[PDB]
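**Q** Here are the chains, one letter per residue:
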Amino acid sequence: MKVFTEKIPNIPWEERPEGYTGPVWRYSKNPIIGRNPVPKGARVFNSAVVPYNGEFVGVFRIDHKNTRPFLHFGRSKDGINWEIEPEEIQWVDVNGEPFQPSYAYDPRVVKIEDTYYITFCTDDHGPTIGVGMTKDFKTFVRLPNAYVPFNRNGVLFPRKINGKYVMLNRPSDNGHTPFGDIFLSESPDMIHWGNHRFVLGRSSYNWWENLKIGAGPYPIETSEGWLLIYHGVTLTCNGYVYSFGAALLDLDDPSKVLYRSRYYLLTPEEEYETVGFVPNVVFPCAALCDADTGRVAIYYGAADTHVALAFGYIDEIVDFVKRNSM
Amino acid sequence: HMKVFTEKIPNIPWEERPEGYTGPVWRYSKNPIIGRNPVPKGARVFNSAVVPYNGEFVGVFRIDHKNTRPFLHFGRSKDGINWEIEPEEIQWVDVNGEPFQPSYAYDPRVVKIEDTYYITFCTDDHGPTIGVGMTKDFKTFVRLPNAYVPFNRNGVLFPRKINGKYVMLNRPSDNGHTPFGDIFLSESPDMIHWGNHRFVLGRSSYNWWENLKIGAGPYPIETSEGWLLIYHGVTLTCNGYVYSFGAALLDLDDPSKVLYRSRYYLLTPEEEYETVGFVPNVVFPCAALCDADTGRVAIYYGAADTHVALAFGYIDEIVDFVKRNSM
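Protein chains in written order, with the deposited numbering: chain B, 1 to 326; chain A, 0 to 326.
Bound conformation, chain B alone:
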């Protein structure tokens, strides 16, 4: 199988536990960061990480000590030990005027051609998908929001498809949405979005994802299709439980689902996932894949309190998705 990502020789990595049978396993030293990450910060738990300049950089959601979310930039030599800026990213518009979001969270980072695009959730009389970019992680330029509210889990495909930018999104409500399907939209210019298509919806049969789902890491291009890692939610009598799984989408028409695992890849089990600000959440934010070895590192938010890592091999994950497909 072929994977169309970067060579990442120094990807964060840990071998699977002896005799471990699952496609994806936790970093034994999780969580890697979480409470009181910076002087103004209460919890860090989203981490849109990419390789950059032989190292790693990320855009992090940090809830400050008023519980309001901000996006901070961070750097890491190894992807495990992070230096995060104490202050939030400052955004300007294409004209260079300040264009600062009221609040911002749920960051995703993906390189398309020569530019890193950053999506995030922000207010515009309700949650919607904000869109920004940077070529150097120094100057952050914010574009007009992609949608009117209410929308979240916006993430871009890592290249144009048929000459169009393609945005996964997740139509929502004003509150703690009790539903949600993944759609995609296309744009000629990163501003005007159209030709929307339903991609993937909540399952009736698989209880882990029968309440709502939403895209996580940007879709990874393989010869087997776009590998989409997505979270799925179920509602118990005591609240939501967020897990994550994966699907494979047709390369030419990503709204066509080829395979989708009936079982999650990961669900809350460890203390740092089952206890915290929002208990019982594993929320995948970014995935690195070393094209040379097939090694995959997934960054996920745990309990809305910590950043954690999980590892696997891309071909095993793809196999898991196909074999557990309905």
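Simulated from the structure, these hints should not be mistaken for laboratory data. Heads up, some of the hints might be wrong.
Said to hold, decoys possible - For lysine-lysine, the following BS3-like pairs were computed, each having C-alpha atoms within a straight-line distance of at most 27 Å:
1) A:135 x A:164
2) A:40 x A:160
3) A:7 x A:135
4) B:7 x B:160
5) B:322 x B:256
6) B:164 x A:160
7) A:164 x B:164
8) A:111 x A:7
9) B:160 x A:164
Said to hold, decoys possible - Output of the computed footprint for chain A on chain B, the stretches with three or more beta carbons under 8 Å from beta carbons of chain A:
10) 124–134
11) 140–147
12) 168–182
Cβ coordinates follow ideal geometry from the N, Cα and C atoms, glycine included.
Following the hints, complete the assembly by docking chain A onto the known chain B.
**A** Just chain A now, kept in the frame of chain B:
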């Protein structure tokens, strides 16, 4: 004084105001004009997106069938009051001529832009959203891709491009009986891809009639005083919603800028055909005709989700009312 940029409509449906009547808008004394069991398969007709066509009037009508499912039907009228409605729903094809039929469709609006009549409506795509269609002759109806992902309704286009862009009013919503709602606008170069969204108008805190949600009604009418937007406003009582309608004026060049907005509704449910029916206490404006020659306005509205009714007024008096009663 004031200019209105619409067609001359000498035969507009019209009735003079009752003697000594003081309000800007009055109901047609012979309301409702159509409603219950309009066609063999039909239970109630109560949206009517009406435009002048060919010296007469045509419309796209929402008819709930006798399974209470909504469909859009084409209708014709010589005078705009007496309607002949097709017994079967409009059939839609895509730009390739392949069938592209909505699962269900309601809330139609019809607006001519240049040489083409655009029709927006509410349809399903895993939730309510704004569907978009077009016709040059009202014989062939071509449907474009929906303008938005769910959940959205009250989509209505501006009757011309503004700064080279098509502009769509819309109303971000819920999956259910939405307990909020602001009017936004979006722009498009091509009627397919939409961006540069902006909040236009939201629910009022002070005016209780519109404190729950609002939504665009008839397409915005271009006047020298701005875009006249007739919009519905909702309040929640302990026994349900009450829909009224009022009006705002939007800046001609940047319609997201509100110049004036009437604190009072133009119309609220008061008559039996408005306060009794499938959904009691609803007046829901769908279409406005304005005769550029005289300034006469005829507003088609749904009454209690049961009937089509008419209200009349003069555009200058309506505009005057909006300005005078602006917060």
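**Q** None of the hints should be skipped; say for each whether it holds.
**A** How the hints compare with the structure:
no. : hint          : in the structure
1   : A:135 x A:164 : holds, 20 Å
2   : A:40 x A:160  : violated, 38 Å
3   : A:7 x A:135   : holds, 19 Å
4   : B:7 x B:160   : holds, 21 Å
5   : B:322 x B:256 : holds, 15 Å
6   : B:164 x A:160 : holds, 24 Å
7   : A:164 x B:164 : holds, 20 Å
8   : A:111 x A:7   : holds, 14 Å
9   : B:160 x A:164 : holds, 24 Å
10  : 124–134       : holds (count 3)
11  : 140–147       : holds (count 4)
12  : 168–182       : holds (count 6)
Hint check: a violation occurs at hint 2 only; the rest are consistent with the structure.
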